[PDB]
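In structure tokens, one chain follows: the form deposited without the RNA.
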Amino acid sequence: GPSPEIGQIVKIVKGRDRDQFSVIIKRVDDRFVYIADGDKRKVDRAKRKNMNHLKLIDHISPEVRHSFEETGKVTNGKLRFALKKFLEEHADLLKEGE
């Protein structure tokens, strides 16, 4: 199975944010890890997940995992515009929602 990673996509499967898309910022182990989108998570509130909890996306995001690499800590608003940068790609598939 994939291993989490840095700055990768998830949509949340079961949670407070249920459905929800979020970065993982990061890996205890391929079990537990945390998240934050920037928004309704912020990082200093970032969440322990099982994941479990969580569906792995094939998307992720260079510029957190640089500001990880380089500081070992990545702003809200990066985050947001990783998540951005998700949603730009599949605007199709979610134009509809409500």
The other form holds:
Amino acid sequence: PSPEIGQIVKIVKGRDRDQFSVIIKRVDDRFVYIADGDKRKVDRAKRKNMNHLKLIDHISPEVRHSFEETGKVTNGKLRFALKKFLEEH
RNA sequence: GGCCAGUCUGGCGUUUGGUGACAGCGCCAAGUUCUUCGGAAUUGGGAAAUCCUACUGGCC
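Moving on from the form deposited without the RNA, please list the structure of the form solved in complex with the RNA.
Shown next: the complete complex, the earlier chain at its head.
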């Protein structure tokens, strides 16, 4: 399954390993860009090979709706999506 | 299995760079070489290669 915009991931490789992040842009089949709105904010999002992430079965509608209407997402909305995701699991 | 590119002594920490193995930075250790004894250089294996072990990324 292709990675989705607004989907939560767990980082499995790299120095940001074992953290949770949000997919904010899909380059192709291989590469995405992730950001958490805190230590890794949108304006310097982290490029990632999708093989170095673990797809979590959770997609935040707030993140993907904001990209559909404004073409962007705020760091506060990213922090909200991750904070809400952790509270349900 | 083939072709190409890359990484290297170990432990803890890390808002930094890298897709990544890793690296950078702080601290504690280890090996090798040199020393005027104050220190200095260096770090997978190999005498060395377009070589090889392990690991990472790409194409098949």
